[PDB]
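This document opens with one chain alone, in structure tokens, the form deposited without ligand CTP.
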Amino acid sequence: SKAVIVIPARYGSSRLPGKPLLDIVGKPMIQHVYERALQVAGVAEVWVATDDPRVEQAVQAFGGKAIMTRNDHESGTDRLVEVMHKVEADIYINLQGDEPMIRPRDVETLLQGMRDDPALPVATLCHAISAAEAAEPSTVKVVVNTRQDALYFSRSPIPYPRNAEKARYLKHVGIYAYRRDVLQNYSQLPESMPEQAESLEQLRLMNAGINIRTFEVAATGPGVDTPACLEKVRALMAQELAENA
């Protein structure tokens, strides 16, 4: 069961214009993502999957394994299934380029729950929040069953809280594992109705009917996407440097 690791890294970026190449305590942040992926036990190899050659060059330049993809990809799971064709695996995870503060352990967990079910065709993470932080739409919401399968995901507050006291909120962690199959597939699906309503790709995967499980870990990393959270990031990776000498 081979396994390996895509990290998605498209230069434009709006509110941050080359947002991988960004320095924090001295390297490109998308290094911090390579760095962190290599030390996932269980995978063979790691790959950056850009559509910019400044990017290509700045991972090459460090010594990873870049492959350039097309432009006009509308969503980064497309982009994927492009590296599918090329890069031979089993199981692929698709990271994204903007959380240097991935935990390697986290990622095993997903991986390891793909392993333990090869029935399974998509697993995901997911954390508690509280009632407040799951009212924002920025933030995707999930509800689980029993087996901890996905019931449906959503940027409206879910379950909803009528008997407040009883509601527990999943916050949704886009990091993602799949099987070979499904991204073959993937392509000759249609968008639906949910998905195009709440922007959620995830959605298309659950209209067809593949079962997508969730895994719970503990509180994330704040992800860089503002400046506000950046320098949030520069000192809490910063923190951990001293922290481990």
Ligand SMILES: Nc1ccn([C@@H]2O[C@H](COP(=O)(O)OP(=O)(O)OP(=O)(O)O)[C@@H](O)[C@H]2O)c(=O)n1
The other form holds:
There are 2 protein chains.
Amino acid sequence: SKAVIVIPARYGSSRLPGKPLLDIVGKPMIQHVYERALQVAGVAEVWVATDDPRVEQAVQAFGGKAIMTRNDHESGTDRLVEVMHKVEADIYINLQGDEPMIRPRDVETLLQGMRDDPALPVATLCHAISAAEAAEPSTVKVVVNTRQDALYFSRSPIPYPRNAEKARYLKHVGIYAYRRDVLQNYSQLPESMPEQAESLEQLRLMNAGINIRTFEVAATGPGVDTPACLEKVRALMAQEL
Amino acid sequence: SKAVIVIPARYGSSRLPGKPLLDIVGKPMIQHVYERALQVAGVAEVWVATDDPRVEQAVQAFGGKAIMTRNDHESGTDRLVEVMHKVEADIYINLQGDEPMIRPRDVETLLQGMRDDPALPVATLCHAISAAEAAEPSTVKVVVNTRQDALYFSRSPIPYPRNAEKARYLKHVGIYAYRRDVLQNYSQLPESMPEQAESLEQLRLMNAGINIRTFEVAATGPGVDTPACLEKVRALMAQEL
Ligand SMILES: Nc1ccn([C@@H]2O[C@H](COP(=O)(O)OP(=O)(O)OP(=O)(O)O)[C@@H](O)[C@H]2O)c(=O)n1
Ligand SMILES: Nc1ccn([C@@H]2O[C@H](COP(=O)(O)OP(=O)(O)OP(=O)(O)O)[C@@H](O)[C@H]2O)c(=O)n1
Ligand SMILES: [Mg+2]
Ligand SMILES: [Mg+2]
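Moving from the form deposited without ligand CTP, what structure would you give for the form solved in complex with ligand CTP?
Shown next: the complete complex, the earlier chain at its head.
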């Protein structure tokens, strides 16, 4: 059971452009992710999937695996599919490039889930959040059953707060562990109505009966989209040491 | 493949005491439901599960079948399990006692779904609704996959309208079709957190990985909850004549 990590790092960014080559305390964001990916046990390879060369050059610079990919992809998942075709593996882990504060142990937990249950198509992460945090649509909630299998993913605060005291929310940490086969019969997947309405690509798998299991971890640090928190990333990154 | 129809009709009601016996165009509400259930093809038995002797009598009064049950039942569902033990069948259909405007064909569509797939645990119904309606916490929304399997049931507008033009909604028509086995292991099922927050008992099935398939129908007539709705249906059913 070989497993590899893939890190999508497009240059073009609607919000903050060239977001991956951004300097977070001496290193380019993308590098922080790479180094951390390298610390994950059980992984045979760590690849960065890029579309622009200013990234590929940046990556090779620190000696990272730089595989060039199409500059047309509408989503990460797609770009990952293209890499699944050239880099052989049983398990693919997709780590976003805008999260320089990922926890190598969280990833290990994710990959362990895949290993503990071979029949599991996809694994992903989540963590508890206040009902105050579950209000913001930028935040994505997830609800699961006893087996931790995902029921649904939404921008709406689910479950609804009827008996509000009994409500418990879980943010969804956008990392995924895919079974090679899943990626292979993926391009054939048609976009679902919930997907397009919600603007959540993972719902394209649920539309197709493809089970996704969630794994809970501790409140994770901030991602990197808002240059405002970007100071907290640097401040937390810089402090972290 | 024997299938029976169960109609829970407890005497009690926070706003319409005796409700099952309320008069709509000449007959007590419960009768309407019964007569309509009797029109459904493929059903071997139509039973009314009650908790009161006055409710029992009335049903015997017009030639219907009745069965007394624990007056301490907490829910129409838990009342059904008790009937599952006395009346043998492979499929159980639970029709509400406060919905005299049920459509015999909708139930047939429901029973057919269970028959077309022996492996299906439970089947239910739904129907399209505007986003303006879906806003009401009072209305239970449901979202499904390509095979029409339910992903989640909530009072929150799901799917969330990120790209509203893509958001299409379904109101959950609360009728059920239970495979005998499902009812046999029901009392062992523990209440789920999502079920408690949203106050939706069907969510105790999903928490247990027990698939529920939804079938779409045309917008259904209203039930009898408050006396405004009572006069609301009374009218409808009279102008139908
Ligand atoms: N076609 C795409 C889309 C996304 N990504 C990658 O997926 C991660 C996060 O995606 P996202 O949050 O959507 O960032 P952007 O794609 O740049 O869009 P935005 O800035 O608005 O969030 C990043 O590593 C990004 O480069 C990618 O490689 N190729
Ligand atoms: N302990 C119970 C609870 C409910 N039911 C039956 O389940 C159906 C619908 O129940 P519900 O949706 O909960 O409506 P009500 O409970 O009657 O709402 P209210 O208390 O406000 O009248 C009705 O046929 C009702 O008689 C039952 O037989 N026994
Ligand atoms: Mg991002
Ligand atoms: Mg009612």
